[PDB]
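Note that one protein chain is taken out, while the other chains of the complex remain in position.
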Amino acid sequence: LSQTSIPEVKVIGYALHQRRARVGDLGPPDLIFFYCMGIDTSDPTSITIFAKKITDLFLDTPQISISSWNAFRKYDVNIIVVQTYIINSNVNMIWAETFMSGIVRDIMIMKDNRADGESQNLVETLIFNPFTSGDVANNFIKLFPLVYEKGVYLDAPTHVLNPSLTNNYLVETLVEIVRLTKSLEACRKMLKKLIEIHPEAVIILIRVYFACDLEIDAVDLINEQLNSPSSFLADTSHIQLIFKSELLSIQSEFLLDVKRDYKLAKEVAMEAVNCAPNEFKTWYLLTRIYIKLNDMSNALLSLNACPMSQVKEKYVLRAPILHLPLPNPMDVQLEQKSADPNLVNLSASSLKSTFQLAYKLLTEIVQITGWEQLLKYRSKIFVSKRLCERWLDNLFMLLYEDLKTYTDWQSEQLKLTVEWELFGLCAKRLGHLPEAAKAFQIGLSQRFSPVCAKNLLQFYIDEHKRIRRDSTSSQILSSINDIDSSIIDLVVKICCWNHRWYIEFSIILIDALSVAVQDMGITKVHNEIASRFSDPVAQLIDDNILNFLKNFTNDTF
Amino acid sequence: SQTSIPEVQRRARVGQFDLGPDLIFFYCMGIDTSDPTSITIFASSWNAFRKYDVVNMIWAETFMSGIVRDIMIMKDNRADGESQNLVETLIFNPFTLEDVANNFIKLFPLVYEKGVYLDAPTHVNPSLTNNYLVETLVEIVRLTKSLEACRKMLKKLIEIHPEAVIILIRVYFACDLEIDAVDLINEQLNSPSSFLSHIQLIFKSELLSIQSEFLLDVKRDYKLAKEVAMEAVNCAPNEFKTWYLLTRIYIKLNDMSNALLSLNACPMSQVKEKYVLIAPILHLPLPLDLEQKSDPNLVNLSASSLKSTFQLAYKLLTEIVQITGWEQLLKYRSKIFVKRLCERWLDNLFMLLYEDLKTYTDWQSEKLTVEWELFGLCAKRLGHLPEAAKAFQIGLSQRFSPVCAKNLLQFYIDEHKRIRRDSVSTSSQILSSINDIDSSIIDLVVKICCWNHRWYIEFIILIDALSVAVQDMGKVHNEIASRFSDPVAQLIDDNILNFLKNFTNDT
Amino acid sequence: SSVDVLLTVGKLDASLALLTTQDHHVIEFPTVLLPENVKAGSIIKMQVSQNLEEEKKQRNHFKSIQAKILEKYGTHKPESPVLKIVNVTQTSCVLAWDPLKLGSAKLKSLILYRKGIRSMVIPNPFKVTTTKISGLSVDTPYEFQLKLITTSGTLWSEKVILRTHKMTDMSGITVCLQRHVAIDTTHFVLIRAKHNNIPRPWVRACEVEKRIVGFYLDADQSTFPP
Amino acid sequence: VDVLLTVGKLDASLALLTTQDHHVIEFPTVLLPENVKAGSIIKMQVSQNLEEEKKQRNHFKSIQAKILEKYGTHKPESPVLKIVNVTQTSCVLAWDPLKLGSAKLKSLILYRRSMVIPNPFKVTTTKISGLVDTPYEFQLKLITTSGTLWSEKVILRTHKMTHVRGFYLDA
Amino acid sequence: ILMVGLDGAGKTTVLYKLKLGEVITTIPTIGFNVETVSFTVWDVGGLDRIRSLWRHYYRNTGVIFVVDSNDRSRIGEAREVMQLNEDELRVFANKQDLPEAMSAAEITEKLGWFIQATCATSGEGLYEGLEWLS
Partner (left out) sequence: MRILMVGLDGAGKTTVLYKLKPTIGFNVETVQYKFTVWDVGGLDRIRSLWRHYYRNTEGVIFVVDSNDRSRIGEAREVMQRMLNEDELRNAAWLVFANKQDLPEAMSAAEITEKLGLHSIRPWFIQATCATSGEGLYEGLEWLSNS
């Protein structure tokens, strides 16, 4: 946190001049020349405090004006250290909106990229922990209703075709903050006051209950909205209809992800479709039910009628053109080498939007039927038949390439680390988790690689949940402990790699380390790190992740 | 002669090739590639039928495809006055030891049945009848008036290709044989011995489209044209021309209610483009035989540079507002739209229509030659022909302009056709009015042709324009040689007058 | 053979509606074609049956229109033009033609021919059926024929020869017996609009001298038998 | 509501239906008769089915009531723990069979910081190893997905002196 | 001298009546005729096809405009062609022998310089016009 881990890019005044004419989604990161995230912009005095910490860094000898943006009202807040002005496309409301939009960007940049392991394309960015920049967690809640009703301007995730007061980046950020900080009583108190003027905000309260471990309280509340005449649904015909579909979607997904119960989950999923047949999530749920119900006939039919996202994209950090201050291995050049032409040119990789989610279901279908039996189903209902939606047909071409690659690999096995990544990601796409974990584990021995580490970490998380769900005494004590140690061993390594590339915040690693914390005490985890690793490394994990769990979780442990 | 030959193999960049120009470094069109010996006399032709770059069949296809390119490059760009984007191209007259027109006919059946590979114009479901090959044929026959040559060939084609009778119908209409054509159309749509279960349905729609368009363009009679247009729609509801015709009928029938409904259900072209002419980039030899200026809201008119069916639809929209007015149009609009949903593209045209009406009114209520062009094009789009002709004439006085000249020329053509029709339904007034137009036409044809020669263009608009005078006055040659110089008159003689004198089958 | 399908109304706006079936079909359907109490999420029964009685009605209507189009346009094929002679003088001649019959031709241009296209083109073939040849020679033979150019074809025929009258032949002289001034009026024997350039009873003088012969109302003066 | 439609294009999958009011409807072929072909006139009679609506309405209420009965209404109860036997340096604690209305138990923790019970449903007894005449307190913490419930704190005093070497079998 | 006028006016007849002193059988002139009588008279065809080619002879030009007095119908056409506006150019009443021929006074009114009633066949009033031209 000291001089190092702060990237820089060199004519004076080039920074804001390129930002000034590019004003015409959530927006760009806060420019300082380097970019930065996780700054407490709730108060101008608190900003000067941050700048104070930066100007207290200007001392000593280095070894060779921030500008936050809000999407609610498209204007740029520049503050020079004190000149403060606004760049267009009541005083308290200005700092309020820019703070909320800032927090949304800090969270959604890690949530929209959760599939890619929170990958960071922009190098010159310094990402802080937004929860430890306070209290930011509590401040977001108390400042939420003031910024509510304008959350639609933030649009919605790429998998959401029809945004609303409930489905948007603002609410998605809220439910994520409340879940991580376990601030139930704080958010519940705020939302109940919001319902009084906005009865449709009860849907948000339901999602909070599910996130804060209140299933029964949530289902009891859902039934109240979908049955009781005193609900807000029973009072337009389109604004109210999308609220009903969301409730049905939540209810159906709850029935599916947990509680098994595919039969009852199907009846709710179909009603969700009848409320919003143009929505992706409705058809996406119903397709998952059909797969779970071993009905591959209607699974292909429901997958075909499933609408795709053709315009919207995932949120990423974006003047196009470096100083890299280096803060155990961390060395040499990766890739920049030859690879199997048919292995790296896999079109099934780098799939975006709903097309990626659809491909996962397709691989889940071919896992049961097989490629030969799949063509029998395909030729039966596609060209009393219906036309294929092209994008689905393309996924079949992509599926054939992956199955061929995976089979040609396993037949041969019966390789460079990057080649192990590509095969591992290929096996993961087809749903071969243990065979992919081996590929990632082999590639982890010859070299580090972030892809292998993040994917192998998720493997242990899944292995941990599996044992707890399926559950002698001696087997449990040994299997869990071995997993927990392997989890901690991976979390430390990834966090150290993130710190090298100016990343101090990772929701994946926070959730990952939280798994061990629930098992072994908060103090035991720390000593586990300080034992296998060095003292300053354990201190790093302590500041980035462990300090959040120790205090900023509202005494969860 | 040395000049009129631009200058600047190394681009096998094929794999990604419609019709496809002949590279010689400069490009060239109108070369007789029917025979290799004839090519050596002139000293790389391309054919779209079979994608190969250049035994008798090989030279046959490359010749036919070459002629198609030479003609369709002037026909598809007819709306923009045959504008040429590529400067390094040298275009000859394709019609000028064997007449190319007659050679095209004898070589037509050998290249037939493969015309679908040439695709279709941007306003068209391509077929054996609707394609660039047939479009080129009917254009050549029309210009050269080679009726007896084409008629003999087509009659032999019907024996083995009964659907080719549609082509013969289009030829009869072009070569002044309406009665023989209508008799032939009715033969296909009524007589049990006609060739008319899936391939024929697109042919029936084309016949209905031709018949309905024939009923509309001439003979007025909008009532009978309506009954056929609706039948054409029921045969091809996904076609643009079918709905485009029906919309025109409603406008002429003063039924603006269904005119907007038919215009809304009218499908648009979202992929196909108009045919235009290797290595991204000069020597410009000017033969003997500039802007850089500024109204910001006049040049930013989105109604300009409209392409494909969107332009044709906008023309009908301006034709509707001409009768009803903007206020009455919105009453019709809000009556039948939100009911049924507007197709967005139509709604955008309303925004564009408002911009043109605003611009036109601000100009008339209230200048550089370019400003006269922009306003002139605006008035022409709204259907204010005499007000637009004035703008083009004024802008042509301060400076020469190809846009102004071509548009002012088209004005006299429309005015000429108008008088000849009105004269049917004093004598000295007619004789003088026609003569004044003919002289103005010739005066403009020579100037534009001289401008084309400067930009390496030796070749349809100008030919038809001068042909109007030829039908009126014998005299034309001496008219040009009088007002202009001898070498200039010689230029017009070679480019246009030589074609009319001989290559029109003694018309 | 009626097909009964049960559909569910998905989303519903003021214009279109989305119908969903059990076989997962999503049909875009106009709301105006739906019942009054449709709302949203309601189940409708769509009975699709073929109408054979309407097919024959449209078939009979299609054949009726095509037959009417054939009868008006593309049936009557017109028509050779009949060239005639009205009057011939010593230095001029007046030609005329029978009213041009064109059922649905339509006419493009009517051109007079005298040993080539050297002659003029008729301005109003329908309004005026007479033309006068100005420049001619005394006692000289000529021939004329009309060219009818029509968009159904070109039909020209009936060429007529004529010889201009001699000075001793006064059979072509017409004065004002005609009460009204026409095209073939040669002489005009209280202000009026009158003539553009038409030349006192002179008539007696031509009878005595046995030839055509100054007789203005401005010139000098110098007996009609009863 | 009955409307007469004309068949435009007809493919194996879809079809284009044209009205007299210039409506163009893409319609699935399988819902059309077998002898439809192309350019035919079809009669589409659309009517509302109230009894089918009432069937689905009753079905929907049946499902919603079924979900509420299975998940919800039934809540997890009290984590009551009792005292089996107390010695001088150890005591055995036990608890009544855990009753959970709905899944699932996340963790069962003893409080006196103490360890988590490995098998709460199989083994309902725990014996404190290390502890004479010293007051201690114990209480269970029931963390479920339905909520966290801790109650019934129990205090006890260890007895006084008032899976013995001299009384061994080998002594 | 440039001698022009409508077709059949008698231009060629007038020219060779002054040149050869003999009335020759004249035909429609497809081109032009130039003879020296010292008057260098340029006779150009009067047909519509050749009438346009008059502009070539306007330079360095006296103008003799022969008018067919007998032809009443084309007196309007003879007026328009004459109606003088040419910068390069900054009247013979021929066929006076014919009965229906207009008098010199009448043609002057129709045309709106010097006019002379002429007769190319007889030669009357040809030299009378030349005297004024000198």
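A, B, C, D and E are the chain letters, set down in written order, and residue numbers restart from 1 in every chain.
The rule is simple: a contact is a pair of C-beta atoms (placed from the backbone, for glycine too) under 8 Å apart; a residue touches a chain by one contact, two chains touch by 3 or more.
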item: From A:65, A:347, A:523 or A:554, residue that would touch the chain that is not displayed; value: A:523
item: Positions on subunit D contacted by the hidden chain, ascending; value: 89-90, 127, 129-130, 164-165
item: Sites on subunit A contacted by the missing partner chain, in the whole complex; value: 520-521, 523-524, 527-528, 530-531
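Simple rule for what comes next: only the chains that are shown with their structure count from here on.
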item: Where subunit A and subunit C are represented by their mean Cα positions, the distance between them in whole Å; value: 80
item: Rounded Å distance between subunit B and subunit C, as computed from the means of their C-alpha atoms; value: 28
item: For subunit B paired with subunit D, centre-to-centre distance based on mean C-alpha positions, whole Å; value: 72
item: Shared-contact residues (touching 2 or more other chains) in subunit E; value: 76
item: Subunit A, residues touching no fewer than two other chains; value: 386
